[PDB]
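Number of protein chains: 2
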Amino acid sequence: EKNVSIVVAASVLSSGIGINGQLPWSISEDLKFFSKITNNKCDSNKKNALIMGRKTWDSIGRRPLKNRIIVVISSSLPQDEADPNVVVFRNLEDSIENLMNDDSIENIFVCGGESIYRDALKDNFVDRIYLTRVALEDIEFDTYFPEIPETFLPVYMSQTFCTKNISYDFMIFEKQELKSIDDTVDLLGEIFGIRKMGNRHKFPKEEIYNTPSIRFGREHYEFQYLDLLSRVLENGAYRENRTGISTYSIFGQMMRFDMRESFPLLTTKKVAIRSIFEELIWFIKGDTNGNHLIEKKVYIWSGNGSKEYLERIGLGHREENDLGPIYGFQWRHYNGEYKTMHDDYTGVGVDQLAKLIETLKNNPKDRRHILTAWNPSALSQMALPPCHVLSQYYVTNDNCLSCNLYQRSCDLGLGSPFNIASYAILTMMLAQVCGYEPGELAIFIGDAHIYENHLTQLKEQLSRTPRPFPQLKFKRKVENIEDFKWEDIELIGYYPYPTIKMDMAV
Amino acid sequence: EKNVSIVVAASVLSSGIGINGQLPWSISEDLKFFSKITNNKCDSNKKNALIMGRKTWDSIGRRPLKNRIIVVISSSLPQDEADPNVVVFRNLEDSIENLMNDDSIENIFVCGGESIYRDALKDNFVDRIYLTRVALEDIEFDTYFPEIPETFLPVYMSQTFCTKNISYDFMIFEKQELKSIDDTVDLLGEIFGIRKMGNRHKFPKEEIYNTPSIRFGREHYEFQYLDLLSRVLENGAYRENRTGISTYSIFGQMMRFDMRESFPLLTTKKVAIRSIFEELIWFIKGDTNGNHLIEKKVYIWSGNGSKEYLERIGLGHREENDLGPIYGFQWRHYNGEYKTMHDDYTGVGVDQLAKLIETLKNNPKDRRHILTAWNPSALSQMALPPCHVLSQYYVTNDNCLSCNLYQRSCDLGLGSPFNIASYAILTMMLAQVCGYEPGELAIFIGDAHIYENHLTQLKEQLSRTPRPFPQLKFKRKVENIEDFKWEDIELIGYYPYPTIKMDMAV
Ligand SMILES: NC(=O)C1=CN([C@@H]2O[C@H](COP(=O)(O)OP(=O)(O)OC[C@H]3O[C@@H](n4cnc5c(N)ncnc54)[C@H](OP(=O)(O)O)[C@@H]3O)[C@@H](O)[C@H]2O)C=CC1
Ligand SMILES: NC(=O)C1=CN([C@@H]2O[C@H](COP(=O)(O)OP(=O)(O)OC[C@H]3O[C@@H](n4cnc5c(N)ncnc54)[C@H](OP(=O)(O)O)[C@@H]3O)[C@@H](O)[C@H]2O)C=CC1
Ligand SMILES: CN(Cc1cnc2nc(N)nc(N)c2n1)c1ccc(C(=O)N[C@@H](CCC(=O)O)C(=O)O)cc1
Ligand SMILES: CN(Cc1cnc2nc(N)nc(N)c2n1)c1ccc(C(=O)N[C@@H](CCC(=O)O)C(=O)O)cc1
Ligand SMILES: Nc1nc2[nH]cc(Cc3ccc(C(=O)NCc4ccccc4C(=O)O)cc3)c2c(=O)[nH]1
Ligand SMILES: Nc1nc2[nH]cc(Cc3ccc(C(=O)NCc4ccccc4C(=O)O)cc3)c2c(=O)[nH]1
Ligand SMILES: O=c1[nH]c(=O)n([C@H]2C[C@H](O)[C@@H](COP(=O)(O)O)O2)cc1F
Ligand SMILES: O=c1[nH]c(=O)n([C@H]2C[C@H](O)[C@@H](COP(=O)(O)O)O2)cc1F
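Chains A and B supply the protein sequences, listed in that same order. Quick note on numbering: the numbering used here labels position 298 of the first sequence as 298, and the sequence is numbered without any gaps. Quick note on numbering: the numbering used here labels position 170 of the second sequence as 170, and the sequence is numbered without any gaps.
Any given hint could turn out to be false.
Treat identical chains as interchangeable: a pair holds within one or across any two.
Claimed, not checked - Simulated pairs of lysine to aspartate or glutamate, DMTMM-like, Cα-Cα distance not exceeding 25 Å: (1) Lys55 <-> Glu93; (2) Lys339 <-> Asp351; (3) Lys365 <-> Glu234; (4) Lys296 <-> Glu278; (5) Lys55 <-> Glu358; (6) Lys485 <-> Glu278; (7) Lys365 <-> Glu240.
Calculated directly from the structure, the hints in this document are not laboratory data.
Bound conformation, chain A alone:
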C-alpha cells in the first residue's frame, strides 16, 4: 500500500492536454517538473513506476525514462521482457500489481492519456493530483483531462510562471479520506479580550476564506488580495465616513506581488485594464482635465468631478471636470501654483517623474527614488486628496525595478484592483525607459475598508478559485515615458471570472 499520484498538464478552462498525438504547447520547465516529481523517491534501492497508455508511450518515442520503470497499458503490445525498464500490462487494474508485491517500487505515478486518467479516477486508485494549469484556450484539443471529482481538494497553488509569454501554475490535489501552543494562546485570549493584539487580528473564518482547503500552500499572489478581503470581513469595524455608505475598516495591511513572471491582474473578476492604463498615462502626462478621460470613454473620475460634488465640497467656482492639482500635477509640477486645467504649466513646479527617471539610471543604488503626491499646501484645492500617497522605487543588483506604495485609503472592491494593476504598469514603464526588468510590487495600506454595498459582491468573488496571472508585454520601446499608447500594450493569456458590478461611493 503505497502512494499513487496523477501527473498532468491541462489548459486552464477546458482542461485540454493533447492534440494530434502531441502536446498543444512546449513548456520546458514543465517537463523538468515532471522529471523531478517522478524521480522523487526516499529509498535509493527502489524505483518509481510511471503508468501510461500506449499512445502516450508512442508520444515519447517508445524510449525508457532514466532511473524509472515505465508501465505501458496496451491490449496489443507484446509483453516484452528484454527491456527491464519497460513492462506491459493488459489493463490498468492489473498493473496496480506494484501495490500487491514488487517491493522494489516505492511510488506510482499515473502519467497516461485521457483513457488512463479517466478510469484511474473512476476506479478510485488516485491519492494525489499534480496539475499544471496552462493559460492557453483559444487553440484546438482532441484529448482532455477529466473533471476532478469532488473527493479531491486543492492543497497547494504556486505562483504564476512564464515561458514564451505563456502563464502557468502548479497545483496539488489530495483526496479526503503543537496542541499545547494552540491551547495556551486560546486560554490567553479568553483571559485578555481585545487587550491581546491577536484578538484584534483574528484569523478569517472558513466561510469567508477563499479556497479554504489550501492552508499551507497559498503561494499564488492573488491570495495576497483575497486574504485581505477575508481579514476585513473578519475584523473590520463598522465605521461611518464622508459618504453615506459606511464601511468595515482595519488599519495597517500589506500585499506583495511578483512582476517578473506574471502581471498582477486579478483573475477572480474581469478587471477593466484599458481604463486603468488611460488613467495612468493621464497621470504621467501631467493632466488634471477630467474631460480627457471622459472623451476616451473612461468615467471613473465622473463622480468626484461633477458640478454637484464640487459645489458641495467648496469648489463651486471650479469648472465641471476640473479636478485641480492632483495626481500628475504633483508628479510633474510639484508646488506649482495652480490656476485652471486649461493653463500652460510647462516649466513651473518640481518635475518629480523626470527627476525620478534620471536618478534611476544615473544612481540606481540611491535610496531616495521617491514620488510623492501629498502636498499640504494644495490639499484644499483638490477635488479629492491623494489615496496612493507616496511611492518608492528600488533597483536590484540583477537590474530589476521594484516598487513600494503607501495607500492611505483603499476601496478594496474598486480602487484596490485598479491600484494593483496601475502601479504594476507604471513600474514596467519606468523599467523599460530606464533599461531594467520588472521586479516586485508591494502595497502598504492604511485604512483598508469594504463598503457595505459591496458585501454580496465581494463574497461572491471569494467563492472563485484563482487562475494564473496573465502576461503584459509592450509592443515597442518608447523613447519618452509619455509616448505610451493603449495599442502598445499586449495582454497575453487573461482568462478571468465574469465581471462583478460594484457602485462607487461619491
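Here the structure of chain A is known, so what remains is to put chain B with the ligands in place on it, guided by the hints.
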C-alpha cells in the same frame, strides 16, 4: 504514562517566586492563567492533579481548588482521607504514582515551591514548563525558581501584557527527546532560480534566527524586529551607497508593535531612551538647530551636521550644526522658505502637527490624518533627506490611536530601534492631547539594510532571547504637545541586555 508540566511565575532576571510565604506581586490575570491551564483536560470523567509543597499549601489557605485534586508533599501532615480533593504523600517520588495507576487523573501539574521545583527537575519528571516572566527585580525574594536545565527549549513566547504598570510574559518550555507540499516547493525552487519569488525571500537559516526553537509561537513583537534582522542576513544584497560603508539590503518589509499593553522598546539591547525623547520633542518644537541636542548631551545628529560633512554635500556656507529644513520644519512650517536656524518662522509654512491634532479630535473617523516630511522643493537644502518620510494615524471605535509609518531607508542597527520607540512616544503624546489611548504601531520599510561594520554586533544581539517589553507612562497631563519634558516620562520595568556599540555611517 501521562504528561507532567510545571506552572510557575518567576521574575525576569533572578527568577524570584516568593517572599515571606507569599507572592511578591498581585497579578490577577496570572491567576486566571493558572486556573485555566490546570483545569485544561480532555476527559470530562477525569481530573488533573496539582502537586505542591506544604508551605504552598499553607499559602492558599489549605483549601481545595475546584474541579482539581491537590497533592501535598509533606513529611508531617496527617495522610487525611476526609477530604477527597486533598491527598498527602511523604515525598515527590511516591506521588508520581498517578502515572502507574489512577486512570481518573489525566494530567499532572507541579505547582509547588522552590523545593518541589528543584527536585522535580533533578528527578527528571517534568515534560513541560509554563513560565510567567514578571518584570519586577528591584525588590526582595527569599524563594527562587531553579535555572531551567539545558534539556528544555522554549517553544512559545507571548506578547507583553500589563497589570498595574507591571509587564509580564507567558512562555512554554518543552523537553527535547504536509511533506508533499514542502517537496513540491523545493523542486520548483530547483527548476526556477531567482525567477521563483520565494527564492528571493528565503527563510532565515537557524544560525541567524533568534531563539530558533520558537517556531510557531513568535508572539512577542520584538521578534518583528529580530526576524527582520535575520531576513536581511539571509537575503540582503551587498550594495554600495553614498557612504564608504556598504550594506546588505532588501526592499519592502514591515513590523507590527502593540502599544496597548506595553511599550516597544527593545530588550535585546539597552536603547538610549532619553536621546529618543529629546530628538522627538526637538522635532515637535519645530527645531532644526543641532546645537540644542548637543547642549542636552545628544550627539546623534553631530555627524550629518559637521563643517566637513556640510561642505562635502554642497552646503559649505551653512553654519556648523544648521541642518536646514528637516523633520519638525516640515512638521510645523511646511513649504516655508528656510533661511537659517536662528530666524523666526512663527506664522510661515503649513503647521501639519496642529492640523493633525485638531483633525484627530474633531473628525476621528477621517481617513486623512497624515503627517509628511518629504518636500521635493526643500530636499536640496536638507543636511539629510527624511528617512521616516510619511506617517498616518487612525482612531479606533474603542478610542485608541494607531500609527502607520513609511520609512524609505532603515539603518537596522541604529535608526530602526530609535524609529520604533520614537513614533511610539509620538503616538502616545498625540493620544493624550486628543483624549485617546495608545493603539498599534506599524512600520513599512523600503530599503531595510545592515551596515557591514554592524555584522558582529547584530549577530551578538541575535543570540539574546528577548525579555518582556517595558511600560512607559506620563506623569502629568499636558495642555500642549510641546510642553512635554523628560521628567514627565516614567519608564517602568525595563531590564535590557547590555548595550551594544555601533558606529554611524556619515
Ligand atoms: N498534457 C499531458 O500531461 C499529457 C498529454 N498526453 C497527450 O494525450 C494524448 C494521448 O492520450 P490518449 O489519446 O487518450 O491515448 P492514451 O495515452 O490514453 O493511450 C491509449 C491506449 O492505452 C490502451 N488502453 C487504454 N485503456 C485501456 C483499457 N481499459 N484496457 C486495455 N488497454 C487500454 C490502449 O492501447 P491499445 O490500443 O494498444 O490496446 C489505448 O489505445 C497525446 O496527445 C498525448 O500527447 C499524454 C500524456 C500526458
Ligand atoms: N510564583 C509562583 O508561581 C509560586 C510561588 N510560591 C511561593 O514560594 C514560597 C513557598 O515555597 P517554599 O519556600 O519552597 O516551600 P514549599 O512550597 O516548597 O514547601 C516545602 C515543604 O514541602 C515539604 N517537602 C519539601 N521537600 C520534601 C521532601 N524531599 N520530602 C518530604 N517533604 C518535602 C516539606 O514539608 P514538611 O516540612 O511538612 O515536611 C517542606 O517544608 C511561597 O512564598 C510561595 O508563595 C509557591 C508556589 C508557586
Ligand atoms: C509526452 N509526454 C507526456 C507528458 C508531457 N508533459 C507532462 N506534463 C505534466 N505536468 N504532467 C505530465 N504527466 C506530462 N506528461 C512526455 C514527454 C517527455 C517526457 C520527458 O522527456 N521527461 C524527461 C524530462 C526531460 C527534461 O528534463 O526536460 C524525464 O527525465 O522525465 C516525459 C513525458
Ligand atoms: C499561592 N499560589 C501558588 C501560585 C501562585 N501563582 C502562580 N502563578 C503561576 N503563573 N504559576 C503558578 N504555579 C502559581 N502558583 C496560588 C494562589 C492562588 C491560586 C488560586 O486561587 N487559583 C484559582 C484561580 C482564581 C481566579 O481565577 O482568579 C483556581 O481556581 O485555580 C492558586 C495558587
Ligand atoms: N470611494 C472612491 N473614490 C474614488 N475616487 C477615485 C477612485 C478610483 C476609481 C473610481 C471608480 C472605479 C470604478 O467604478 N470602476 C468600475 C469597474 C469596477 C470593477 C470592474 C470593472 C470596472 C469598469 O471600469 O468597467 C475604480 C477606481 C475611487 C474609488 O475607487 N473609490
Ligand atoms: N546612517 C545614518 N545616518 C543617520 N542620520 C541621522 C540618523 C539618526 C540617528 C543617528 C545616530 C544614532 C546613534 O548613533 N545613536 C547612538 C546609540 C545607539 C544605540 C544605543 C545608544 C546610543 C546612544 O549613544 O545614545 C541614532 C539615530 C542616522 C542613522 O541612524 N544612520
Ligand atoms: O486610487 C484610489 N484608490 C482608492 O482606494 N480610492 C478610494 C479609497 C476611499 O474609499 C476613497 C477616498 O475616501 P477618503 O478621501 O475619505 O479616504 O477613495 C480612491 C482612489 F482614487
Ligand atoms: O531616522 C532615521 N532612520 C534611519 O534608518 N536612518 C538611516 C538610514 C540610512 O542607512 C541612512 C542614510 O539615509 P540615505 O538612504 O538617504 O543614505 O540613515 C537615518 C535616520 F535619521
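Verification of the supplied hints:
no. : hint              : in the structure
1   : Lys55 <-> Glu93   : within (18 Å within a copy, 72 Å between copies)
2   : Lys339 <-> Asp351 : both (18 Å within a copy, 24 Å between copies)
3   : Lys365 <-> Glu234 : between (41 Å within a copy, 20 Å between copies)
4   : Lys296 <-> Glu278 : within (8 Å within a copy, 55 Å between copies)
5   : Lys55 <-> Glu358  : neither (58 Å within a copy, 76 Å between copies)
6   : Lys485 <-> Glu278 : within (8 Å within a copy, 53 Å between copies)
7   : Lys365 <-> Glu240 : between (43 Å within a copy, 7 Å between copies)
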